[PDB]
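Start from chain A and add chains B, B' and A' with the ligands according to the hints.
These are the residues of each chain, in order.
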Amino acid sequence: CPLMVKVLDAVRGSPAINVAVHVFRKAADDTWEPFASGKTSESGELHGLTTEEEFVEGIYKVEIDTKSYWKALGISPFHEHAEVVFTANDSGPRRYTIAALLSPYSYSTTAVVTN
Amino acid sequence: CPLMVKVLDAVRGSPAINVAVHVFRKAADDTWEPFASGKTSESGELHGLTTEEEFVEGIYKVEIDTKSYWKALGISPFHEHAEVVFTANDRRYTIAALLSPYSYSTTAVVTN
Amino acid sequence: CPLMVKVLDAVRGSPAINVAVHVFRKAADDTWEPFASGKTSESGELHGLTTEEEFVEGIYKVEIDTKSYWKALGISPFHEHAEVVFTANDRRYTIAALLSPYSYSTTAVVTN
Amino acid sequence: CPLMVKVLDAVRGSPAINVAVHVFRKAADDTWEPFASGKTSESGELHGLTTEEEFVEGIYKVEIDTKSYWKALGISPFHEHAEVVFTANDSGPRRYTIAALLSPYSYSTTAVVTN
Ligand SMILES: O=C(O)CCON=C1c2ccccc2-c2ccccc21
Ligand SMILES: O=C(O)CCON=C1c2ccccc2-c2ccccc21
Numbered sequence: 010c011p012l013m014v015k016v017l018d019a020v021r022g023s024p025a026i027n028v029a030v031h032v033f034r035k036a037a038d039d040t041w042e043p044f045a046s047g048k049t050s051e052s053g054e055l056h057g058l059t060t061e062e063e064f065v066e067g068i069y070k071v072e073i074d075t076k077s078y079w080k081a082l083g084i085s086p087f088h089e090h091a092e093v094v095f096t097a098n099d100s101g102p103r104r105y106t107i108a109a110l111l112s113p114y115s116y117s118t119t120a121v122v123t124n
Numbered sequence: 010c011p012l013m014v015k016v017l018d019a020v021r022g023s024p025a026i027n028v029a030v031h032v033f034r035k036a037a038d039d040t041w042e043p044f045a046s047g048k049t050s051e052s053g054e055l056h057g058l059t060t061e062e063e064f065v066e067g068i069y070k071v072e073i074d075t076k077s078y079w080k081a082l083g084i085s086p087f088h089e090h091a092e093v094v095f096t097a098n099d103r104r105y106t107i108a109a110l111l112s113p114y115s116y117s118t119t120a121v122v123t124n
Numbered sequence: 010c011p012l013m014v015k016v017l018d019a020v021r022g023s024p025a026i027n028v029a030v031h032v033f034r035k036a037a038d039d040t041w042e043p044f045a046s047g048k049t050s051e052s053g054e055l056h057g058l059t060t061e062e063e064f065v066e067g068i069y070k071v072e073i074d075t076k077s078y079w080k081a082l083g084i085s086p087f088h089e090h091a092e093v094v095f096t097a098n099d103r104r105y106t107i108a109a110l111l112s113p114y115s116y117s118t119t120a121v122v123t124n
Numbered sequence: 010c011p012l013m014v015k016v017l018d019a020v021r022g023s024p025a026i027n028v029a030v031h032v033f034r035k036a037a038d039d040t041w042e043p044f045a046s047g048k049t050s051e052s053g054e055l056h057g058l059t060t061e062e063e064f065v066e067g068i069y070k071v072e073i074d075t076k077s078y079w080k081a082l083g084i085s086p087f088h089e090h091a092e093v094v095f096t097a098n099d100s101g102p103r104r105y106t107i108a109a110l111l112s113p114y115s116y117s118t119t120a121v122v123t124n
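Protein chains in written order, with the deposited numbering: chain A, 10 to 124; chain B, 10 to 99, 103 to 124; chain B', 10 to 99, 103 to 124; chain A', 10 to 124. A prime marks a further copy of an entry chain.
What the hints contain is simulated information worked out from the structure, not anything from laboratory work.
None of the hints are false.
Computed cross-link-like contacts, SDA-like style, restricted to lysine to any residue with a CA-CA straight-line distance of at most 25 angstroms: (1) B:76 x A':82; (2) B':35 x B':103; (3) B:35 x A:45; (4) A:80 x B:67; (5) B':76 x A':122; (6) A':35 x A':74; (7) B:80 x B':122; (8) A':35 x B':33; (9) A:80 x B':83; (10) B:76 x B:106; (11) A':15 x A:106.
Which bits of chain A' does chain B' cover? Going by a derived footprint, with three or more residues having C-beta under 8 angstroms, they are: (12) 89-95; (13) 114-124.
Here chain B is said to cover these stretches of chain A; the calculated rule only asks that three of the stretch's residues, wherever they fall, bring their Cβ under 8 angstroms from a Cβ of chain B: (14) 81-92; (15) 113-120.
We put the beta carbon where it would ideally sit given N, CA and C, even for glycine.
Just chain A, same shape as in the assembly:
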């Protein structure tokens, strides 16, 4: 699995479950084409977005729908979503984990990239 997303909730100290994630790839004409989407599981993970074959070099945007997450918990958060944008596979295939840690007015995101 070359692209995985892991999301944690900093208020509850738990996985962030049922978080919607939309992945896009920057096209030849410079716009963002839909690439993959899904929702985090009970462990706050999202696997199976793509395949090695499909996940070619390019600029990708991983959009994490943080607002919908907080709103469903009664919280009115600051951000609309958390967007993570990166060049992938430009030195050959790598495995990427995009981790996000969420609070209503703050988030962090870290990439763990392995070869």
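Then chains B, B' and A' with the ligands, alone, in the frame of chain A:
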């Protein structure tokens, strides 16, 4: 000054200086219209982006050119940039970003 | 003002006000001697902890009473406190802390 | 495994490997008794510190030896170590993961607690 940006460098423990920041407002057609831009000062801050008159309710995007920052330091970064997207609803907004090569955090400090 | 503390609340997007902070210096016997303390202001800051004369090289601990902060808000936190331990080596040190109930980050901004 | 530690390196975007971790428990006489120790693996994880039986209620300190980590990489970091202090198991047994994300002048730590 209704909107301020503060950027920090977590490798060096310092303000991130000369970091380009572009702000956009979302238009009725769902595109991002350029709104404000500048480069962070010696204190890692960018003030004077707007005025209260100009900064009406709406969805804004603040794009922080983190890639160029790291490149200038000779360090290979992960992200193309850091994007911060939020609705301005009617005080003073401080968007802060703490930068590392493969990680960043962003926090909104909203005050009167 | 060689040592400043800044505390932020990541749930509310605000300075963390009235947060008690205790600073200690490590003594020759490896114990922590009380050094400075105060409570954060309305801007989440604590200034005037020391002077340059007093703030000699050595290992310091800054303890931030995060548990009491959350309790006062009716929120159940994880940590007993946030501890920040570092060697002062000879400028101006700003210890910043971003607080959430089950998470915190701390950053040193060291400048001239 | 009721207590696990996971450490990531924010400069390299990788697990933080061979990080020394020392765990202490606050004693009856108010001092910190050694409780467990170990080092993170190639995945940046440390399992097997304790057992359910041994990990009774108490105040614990997880000390992460961040300085030694950075120094071994040629970096002179700000902090001596990252200390995480918490009451454990005071509402019955829980599983705790103490995650730390490291940069030379900054770190964050998050607890994920499951029942
Ligand atoms: O600061 C950020 O955004 C990153 C902070 O996330 N911490 C991460 C974390 C926390 C608890 C349990 C597992 C993981 C994990 C696994 C793989 C990759 C990253 C992380
Ligand atoms: O980790 C994050 O995203 C938050 C970390 O930022 N720390 C902040 C910080 C650090 C040093 C000096 C001044 C400030 C500041 C001012 C206004 C608002 C936020 C912050």
